[PDB]
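A.B. asks: The lines below spell out each chain.
Number of protein chains: 4
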Amino acid sequence: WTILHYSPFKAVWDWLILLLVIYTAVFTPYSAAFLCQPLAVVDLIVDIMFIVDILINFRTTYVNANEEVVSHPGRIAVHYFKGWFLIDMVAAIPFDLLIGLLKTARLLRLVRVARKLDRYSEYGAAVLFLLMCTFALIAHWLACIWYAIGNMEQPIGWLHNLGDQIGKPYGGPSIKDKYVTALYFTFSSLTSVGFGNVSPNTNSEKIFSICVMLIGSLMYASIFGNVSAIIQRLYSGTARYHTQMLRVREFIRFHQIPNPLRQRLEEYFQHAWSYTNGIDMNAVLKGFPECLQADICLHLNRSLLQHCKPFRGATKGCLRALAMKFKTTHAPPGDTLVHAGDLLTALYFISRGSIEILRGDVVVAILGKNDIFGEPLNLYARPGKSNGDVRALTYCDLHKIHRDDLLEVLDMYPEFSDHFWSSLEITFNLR
Amino acid sequence: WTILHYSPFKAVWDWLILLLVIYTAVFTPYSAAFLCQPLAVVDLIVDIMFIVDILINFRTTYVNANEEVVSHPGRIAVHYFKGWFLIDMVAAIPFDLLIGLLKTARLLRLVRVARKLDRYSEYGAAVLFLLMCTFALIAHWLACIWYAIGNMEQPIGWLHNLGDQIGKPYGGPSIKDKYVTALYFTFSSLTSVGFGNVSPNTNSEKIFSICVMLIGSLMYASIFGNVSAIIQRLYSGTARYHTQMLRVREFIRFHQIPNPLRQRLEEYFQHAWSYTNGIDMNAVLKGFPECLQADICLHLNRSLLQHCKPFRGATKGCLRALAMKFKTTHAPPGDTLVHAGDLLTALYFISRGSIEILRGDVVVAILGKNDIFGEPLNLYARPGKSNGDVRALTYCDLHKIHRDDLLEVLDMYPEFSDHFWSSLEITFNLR
Amino acid sequence: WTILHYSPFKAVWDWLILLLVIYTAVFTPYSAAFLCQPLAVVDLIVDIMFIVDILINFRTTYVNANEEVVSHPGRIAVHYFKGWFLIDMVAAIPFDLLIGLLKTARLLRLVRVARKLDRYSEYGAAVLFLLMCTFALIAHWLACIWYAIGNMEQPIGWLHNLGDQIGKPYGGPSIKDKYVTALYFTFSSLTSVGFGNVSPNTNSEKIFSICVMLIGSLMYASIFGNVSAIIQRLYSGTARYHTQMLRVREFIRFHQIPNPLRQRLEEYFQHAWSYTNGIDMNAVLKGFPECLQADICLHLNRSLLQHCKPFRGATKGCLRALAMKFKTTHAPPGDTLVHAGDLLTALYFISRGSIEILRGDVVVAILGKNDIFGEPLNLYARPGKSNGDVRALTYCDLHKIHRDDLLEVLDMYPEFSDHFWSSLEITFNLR
Amino acid sequence: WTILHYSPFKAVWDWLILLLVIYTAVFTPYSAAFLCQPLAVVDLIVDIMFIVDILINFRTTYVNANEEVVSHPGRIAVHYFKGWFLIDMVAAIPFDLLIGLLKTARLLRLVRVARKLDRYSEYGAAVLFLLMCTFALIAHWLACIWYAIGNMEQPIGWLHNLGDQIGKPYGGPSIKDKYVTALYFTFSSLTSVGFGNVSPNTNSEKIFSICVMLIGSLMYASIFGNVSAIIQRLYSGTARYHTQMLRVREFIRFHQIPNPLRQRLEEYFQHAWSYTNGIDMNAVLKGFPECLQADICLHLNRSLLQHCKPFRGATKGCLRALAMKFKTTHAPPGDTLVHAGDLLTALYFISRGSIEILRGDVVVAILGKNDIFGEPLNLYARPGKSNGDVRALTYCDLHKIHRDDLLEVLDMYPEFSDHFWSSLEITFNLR
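Protein chains in written order, with the entry's author numbering: chain B, 398 to 432, 449 to 510, 520 to 577, 583 to 597, 603 to 863; chain C, 398 to 432, 449 to 510, 520 to 577, 583 to 597, 603 to 863; chain A, 398 to 432, 449 to 510, 520 to 577, 583 to 597, 603 to 863; chain D, 398 to 432, 449 to 510, 520 to 577, 583 to 597, 603 to 863.
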């Protein structure tokens, strides 16, 4: 019989709650200070509907410390009592039985809004809008208090000054002026503008103005703090890029760094920023625990797996392991690399693109579109020179493994090692 | 005979000292500028009680550079002399023998407050309250200076303007106005409001006001700096969470990251944020020196120790070592893990929860509530396939060990190794 | 037939676009509010030349998502339509067929500038200039709104106040005043100055001023945020240096650190700051992938390569590998180092400068200008004492290698190992 | 014949230069706008002494790009010419031959002040004083411009307003008022105060005020940025401490962390903060290159070296190695440590303090004041239990070594190994 707290009707009712909150919180001070009709019935049904809201909250489930979803509305009643229940009941209890300062039930009703502010917030802009709303409500309350003070003082007052400024000698000025000007004065001494139209004359008004500038200074400082925090959070990335640029530039300046080489270094730096954005993929990859890494590495072997004939029959564990042990050597187009006479323990395949091998003005291995090169590991397995020098060409992505790593991972499982060695296809072996 | 400086009566006396500080520092300028009775006796007994305070400070111990607690009040007298003793004696010496500017003893008495500000502070809010108190005292002093200037100039002055504004032609205005309006003018030219009620007329008050807005600008800048620092300290955590979210999002975007996999990655990311809050437990665990780590790791073996029958008879050193060398594999509910045909050097038990093992549609090992699975290490000890594939289930916490690590730690002490091998219970051996 | 989007004539035309944008945006509100001639023809040819601009954008290429450069202007048309094309069409369509609020074509024309602000920006100063331009345009618009309100209200208004202040009783004041004073009032209520010359009288201008104060507060907060971010970005380096000095100072204070030794430590600290600036070269060197490191390390072997006779015949693989594996020991002038009886596996050479070897008051090896010292490795290869103690001298750059690395890299290349051992020249072997 | 640029007389002359800079830069606008005598002679000898300064700068050396100290003043002249020489000559060339705007020589003289600002600055407070000086000079110049505008306009002006406010109907007001009020107005529209005493009347002063508040807003933003940067630099350490405390607290909360253990953890955290202040000594120690580390480690062996009899005969290489390879185990008073049945590869001595060994209610080894305990390494050298359990006592400083490290470092040096083994003293061997 109990409803769940994820019910959409509950969300609609909560939005209606917020609408009532703002409506009463703005109307009641204005009517109590500046000022029959169905509005009295509306005021009564406000508390009636908040009692109904208490009933719904008892009906709808809640989130306990241990149990996220719990039945038995009695438990809802028992935890809610002696707490938010008191606040909501006070907000729902009329005191009809003038004197409007006792109407703190509306004031305590925003405690519920502060309870649900986290649900309200989705990003930082809504926070700025919320502080703007608080700006408006604070201004309204201060203007109403100022209007009350001005009325009380009247038996040279600010009201006389207003009557002298806008033509209405006294009777007195109309109701619209006595509120627009009150808000005008409130904003006058909140943002430290200081107009000359209206200004306190009596001592009580001066003390009130003192409190006003104190509160305004505090909240204005809060606004600057939040704005500065947001701006710095946004521009931290640009500051970071400046930092990498600074280290690159100082390193280049410190070590002579001949001009063609400085040009290549800055080119590679800007290229790396283009896609990495400074953030290395290795760190985030290593942050994932075990099986996540094994699964995600296989997504990179979507270029070599399906094109290599033997690897179709491989087991899933072997594929995931070897996926953890492939490294796609990312290189900008037009790079020279390992030459003849170097080490041959670093085995190399291709993933995409194309490259050239000029072993003394002889063009070989112009392949690279999911292509295969390398050396025989069963018999030869000797370091030294394989074919010769590799030359610069278009987009350079190769496929790295290691001589020791491949053999040790392959010998653990013999049948597919035999399958791979028997079906050892190379598009162009570097010989 | 000497009292200790941690005496609560000393704390009560220090609070009375602070009360006297604020009371005199507020009252004396107001009485000297704007203004018999027991107040003269009160003023005299202020200095009398501060001499008594000097006597108590000699009686109560102090904290030396080497010795935290030291007896022999003579030592207290000797270090205190030629220093804070001079300040406190000047604060305790009356100059009765008008002219109130020589009453710098109260002004020097706040040097003691600055000496004890660190004790006063517990959190940052008290600092903001202290700066608000400085606001109030600075305002009071500047208003008193303004009132003195206004009185001195009077033989078109701002006093005449005040008499013209509030009805009191001249005689002159009452005492209450000549102070409330002074404070009003003080706050007028500190928060950059600039009202039109009161404003400087001759050169002297103009120069004084220039100094006023200079000081106001400086200290207002200080207020904004402190507020911004506090706000950024508070929201650094949210900024951090934004940073992790940014790296996750950019990594997902950069590498295609198929949709089910991106969903699992973001799910694990938010899960990790839920409890870790970015901070890995491994770093802080490794931050502790040796024995602290050994003691704290045993607190995690409160689930496997008491339920494993042989481990009751184990020696405490062996238990603390093994505690340092268990790793509870935290995994979100519904995870798949190592399959058949993989390496079996990573031995595994369970800590809490439950998991499933489907080795080709056969449900085995549905246990997990402090249960034990694995392989026999005395004879078999061979990698390969143990039982088959593990499947996704509810809350996934296992118990990680290592084949070489456990054997090397166990062979160091033979008797309990024999006990463990003899009483080698497994809830369901993966065979 | 299609033009390329990197054409300089396109850049000149875009500059003309911006010029027309600013002129139209500043002139049209002023003429529509405060205010035949060739200006009507100018206004028409504005839209005509913007239609021509649409034609040029059709002719000139664009950058697609996949293809940086794309031909076939039909593709440009199909991608451009239903989007920015509508913006420039509205900006280029006259509505001649008063009422100037419909002239949103200029207002939307700033959006096309806004998409290109990234190209316009080169550094942060241009951003500040752009926000100053926004200040000017916003002020102009708000002043025009104020002037319109003042005209509409006139059937005690601020126009009467202006006529009373500057002599022009009423007829009415001249056109120049009714704009300069409007801008003056606009700046009055944006920077929170609050002059007394002009001030709102009726309700409408009070509400308008309220809106102005809110906008000014928000955008002033934005200005402070940007300025603070820029300043902190500039002074982050000094902050880093101060933090480094704090670590050095606290370490020195914590561990006694005898005075001559503290002097040497701090001297080395500012020495390292002089060229490293905190930034270690090792991290950035290891940041480069493989071949970049091999190429860049050879730039440091421009001192010993050409002076060592056997290394001329060395293969480029030898040069790149060894250059990757030489380490120049940077040391401030006047340093003492490894003595007799120490480890001799750290084979040492020189790169530049000079040093002294006093093995009991005997001056040997005063060399160092691309000089060679060391030990025989073919036969002797024994650690212990080589010659004796090294003493402090002028600028200390040695040349570090290590015993095991050199043999294991050099034996793999037998012909050059034989060449090096046969031609093993040492300026002064430490014996 | 040439003087050196580190001459103290040069420093005195530079201070005189700065004094002349400020004196002329302040006096000349005031005399040229608001306003025979020896002051004309003073003005002439200003340029004469600046020509003398050019002569001295030629005589005194300078710092070249390569050579820090360079002789041959001809080189000084040739490097100085076409640059700072032009600025200083213009500052030293009178234009006597009214019109005071051509007196830009004083304005260009501050370019040298900006050239030497780095020498002037020692800490950040001098920077704030410099910006305050800029505040004063800018205010003075703007007030002079305002006075010039007011004088030019006079044929309702602000001069008439001033004459109406302070009694001086017109003749006209005295000179002191016409400057104090100008400066008052200048500060009025820079700090956004906005008084009502003086305010622009015609268009020209309104535009001038526009420029004034624009400059004021910009430079006020600069002031806030600098202040905030300084404050955050100061409070970064407290931020670091709070972050560390947050890590500790979240770790404690996340893992239950029984109450006595949480108390010990927080105690150790605050104890580590007491002297480390978060900064580990290991990182800074490892930052020093080689010989610095070897020298600094010996400073920690000032407690065990002189008290161990064999170590007196040790060679300095022996000493540097051994001192490098101890780690003094800092432990808070009252700690328990390695028990019986553990591993004995971690050899241990003591450096200061005292500890207890209760191997089943038997008090042994209550020593610790530069005392030695351990095991025989020649014959026994077996892990296991040595004496039993160590118990909590006062300040716990032990002396850590390692079984494998010490044997390998000591057997390399046979004679001292024999000396140490023969004279192998132990205060209490744990048996």
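Certain hints may be false.
Just so you know, same-sequence chains aren't split out, so a pair can sit in one copy or run between any two.
Think about it this way: if two alpha-carbon atoms lie no more than 30 Å apart in a straight line, the pair counts; the simulated DSS-like pairs of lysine-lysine are [what the hints assert, rightly or not]:
id, residue 1, residue 2
1, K759, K741
2, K525, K407
3, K817, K748
4, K718, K817
5, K801, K407
6, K495, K759
7, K608, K538
8, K595, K495
9, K757, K595
10, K759, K595
11, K832, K759
12, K538, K748
13, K748, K525
14, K817, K759
15, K817, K801
16, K407, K817
17, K595, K741
18, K801, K495
In short, the hints are calculated from the structure, not lab data.
A.B. asks: The structure should be examined with respect to each hint, and the outcome stated for every one.
C.D. replies: Here's how the hints hold up against the structure:
1. Taking identical chains as interchangeable, the C-alpha atoms of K759 and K741 lie at most 30 Å apart only when both belong to the same chain, with a minimum of 20 Å there against 40 Å between chains.
2. Taking the shortest alpha-carbon separations for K525 and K407, only the intra-copy value of 27 Å comes in at or below 30 Å, while the best inter-copy value is 46 Å.
3. Proximity of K817 and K748 under a CA criterion of 30 Å is satisfied inter-copy only: 13 Å between copies versus 35 Å inside one chain copy.
4. In this homomeric assembly, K718 and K817 come within 30 Å of each other (Cα to Cα) only across copies, at 26 Å, whereas the closest approach inside a single copy is 34 Å.
5. Taking the shortest Cα distances, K801 and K407 never come within 30 Å of each other, neither inside one copy (58 Å) nor across copies (38 Å).
6. In this assembly of identical chains, the alpha carbons of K495 and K759 never lie at most 30 Å apart, being 61 Å within a copy and 43 Å across copies at closest.
7. In this assembly of identical chains, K608 and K538 lie within 30 Å of each other by CA distance neither inside one copy nor across copies; the values are 35 Å within and 47 Å between.
8. Taking the closest pair of Cα atoms, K595 and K495 never come within 30 Å of each other, the shortest separation being 55 Å inside a single copy and 57 Å across copies.
9. In the homo-oligomer, the alpha carbons of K757 and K595 never lie at most 30 Å apart, since the shortest distance is 88 Å inside one protomer and 88 Å across protomers.
10. Within a single copy, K759 and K595 get their C-alpha atoms no closer than 85 Å, and across copies no closer than 84 Å, so neither meets the 30 Å cut-off.
11. For the identical chains of this complex, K832 and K759 are neighbours both inside a copy (5 Å) and across copies (28 Å), given an alpha-carbon limit of 30 Å.
12. When the C-alpha separation of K538 and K748 is checked against a cutoff of 30 Å, the pair qualifies neither within a copy, at 48 Å, nor between copies, at 50 Å.
13. Taking the closest pair of Cα atoms, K748 and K525 never come within 30 Å of each other, the shortest separation being 70 Å inside a single copy and 66 Å across copies.
14. Proximity of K817 and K759 under a CA criterion of 30 Å is satisfied in both settings, with 22 Å inside one chain copy and 27 Å between copies.
15. Proximity of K817 to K801 under the C-alpha cut-off of 30 Å is restricted to the intra-copy arrangement: shortest distance 24 Å within a copy versus 36 Å between copies.
16. Proximity of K407 and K817 under a CA criterion of 30 Å is satisfied in neither setting, with 74 Å inside one chain copy and 53 Å between copies.
17. Taking the closest pair of Cα atoms, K595 and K741 never come within 30 Å of each other, the shortest separation being 97 Å inside a single copy and 97 Å across copies.
18. Taking CA atoms no more than 30 Å apart as the test, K801 paired with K495 passes in neither setting, with 72 Å inside one copy and 38 Å between copies.
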